[PDB]
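These are the residues of each chain, in order.
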Amino acid sequence: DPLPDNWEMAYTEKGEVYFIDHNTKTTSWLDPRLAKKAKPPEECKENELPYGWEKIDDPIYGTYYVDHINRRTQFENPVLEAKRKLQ
Amino acid sequence: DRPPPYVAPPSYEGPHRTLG
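Sequence order for the protein chains is U and S.
Remember, UniProt numbering sits 300 above the position in the first sequence when you count from 1.
Remember, UniProt numbering sits 221 above the position in the second sequence when you count from 1.
Looking at chain U on its own, in the form it has when it is part of the complex:
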């Protein structure tokens, strides 16, 4: 379970976990311990998202997709988008 060297975990005001990287002076939602193998989005399967991505079903705005690596949000499922565009 332990973090890499010069990493701390912390809680937001709400008690949400995030990670502090003192090596690069940055914070992230992504757990460095859980760093999965990445893959081209078009190589994912059904209901599969690539590493870094999170599907948000927002009661106000509806479903959208969050990429924690690029710090981007978008509406299209990124796997379906890559598959679409590769046609």
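Just so you know, the hints here were simulated from the structure itself, not pulled from any lab data.
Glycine residues also receive a C-beta, built at the ideal position from the N, C-alpha and C atoms.
Treat the hints with caution; some may be incorrect.
Chain U residues, not near chain S, derived (Cβ > 10 Å throughout) [unchecked claim]:
1) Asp-305
2) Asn-306
3) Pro-332
4) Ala-335
5) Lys-339
6) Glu-348
7) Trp-353
8) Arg-384
Cut-off 20 Å, straight-line C-alpha distance, at most; resulting in silico cross-link-like pairs (SDA-like, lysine to any residue) [claimed, not checked]:
9) U/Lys-355 - S/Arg-223
10) U/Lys-355 - S/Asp-222
11) U/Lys-325 - S/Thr-239
12) U/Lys-314 - S/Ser-232
13) U/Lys-314 - S/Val-228
14) U/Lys-314 - S/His-237
15) U/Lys-325 - S/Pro-230
16) U/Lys-325 - S/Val-228
17) U/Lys-314 - S/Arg-238
18) U/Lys-325 - S/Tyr-233
19) U/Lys-355 - S/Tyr-233
20) U/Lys-325 - U/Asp-305
21) U/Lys-325 - S/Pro-224
Following the hints, complete the assembly by docking chain S onto the known chain U.
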């Protein structure tokens, strides 16, 4: 439209609840 903007964790340069 654009979806909701990316919500980052608290910025590094500041106080953190390091209570782990």
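Comparing the hints with the structure gives:
For U/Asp-305, the non-interface assignment is confirmed: its Cβ lies about 15 Å from the closest Cβ of chain S, beyond the 10 Å cut-off. Its beta-carbon lying about 12 Å from the closest one in chain S, U/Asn-306 satisfies the requirement of being farther than 10 Å from that chain. Against the 10 Å criterion, U/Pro-332 stays outside the reach of chain S, whose nearest CB is about 13 Å from its own CB. With 10 Å as the threshold on Cβ separation, the claim that U/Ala-335 sits away from chain S holds: the shortest Cβ distance comes to roughly 17 Å.
For U/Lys-339, the condition that its CB be more than 10 Å from all CB atoms of chain S holds, with the nearest at approximately 22 Å. Listed as outside the interface, U/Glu-348 is consistent with that label: its C-beta sits roughly 20 Å from the nearest C-beta of chain S, beyond the 10 Å cut-off. For U/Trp-353, the non-interface assignment is confirmed: its Cβ lies about 12 Å from the closest Cβ of chain S, beyond the 10 Å cut-off. The beta carbon of U/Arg-384 sits about 18 Å from the closest Cβ of chain S, which is more than 10 Å, so the claim that it is off the interface holds.
With a CA separation close to 15 Å, the supplied pair U/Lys-355 and S/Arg-223 stays within the 20 Å bound. Note on U/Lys-355 and S/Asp-222: the hinted pairing holds, with a Cα-Cα distance of about 18 Å set against a maximum of 20 Å. Our distance criterion of 20 Å between C-alpha atoms is met by U/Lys-325 and S/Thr-239, whose separation comes to about 15 Å. Taken as a hint, the U/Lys-314 and S/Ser-232 pair is honoured in the structure, with Cα atoms around 15 Å apart against an allowance of 20 Å.
Restraint check for U/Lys-314 and S/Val-228: satisfied, since their Cα atoms lie roughly 14 Å apart, inside the 20 Å limit. With a CA separation close to 12 Å, the supplied pair U/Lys-314 and S/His-237 stays within the 20 Å bound. At roughly 13 Å between alpha-carbon atoms, U/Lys-325 and S/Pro-230 fall within 20 Å of each other, so this suggested pair holds. Distance hint between U/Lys-325 and S/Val-228 is fulfilled; the C-alpha atoms sit about 18 Å from each other, no more than 20 Å.
Using a Cα cut-off of 20 Å, the hinted pair U/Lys-314 and S/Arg-238 holds, with the two alpha carbons roughly 11 Å apart. At most 20 Å may separate the alpha-carbon atoms for a hinted pair to count; U/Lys-325 and S/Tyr-233 meet this at roughly 6 Å. Using a Cα cut-off of 20 Å, the hinted pair U/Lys-355 and S/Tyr-233 is violated, with the two alpha carbons roughly 25 Å apart. Restraint check for U/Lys-325 and U/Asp-305: the C-alpha separation of about 13 Å stays at or below 20 Å, so the hint holds.
A threshold of 20 Å between alpha carbons decides the hint, and for U/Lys-325 with S/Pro-224 the separation of about 28 Å lies outside it, so the pair is violated.
Going through the hint list in order, the structure does not satisfy hints 19 and 21.
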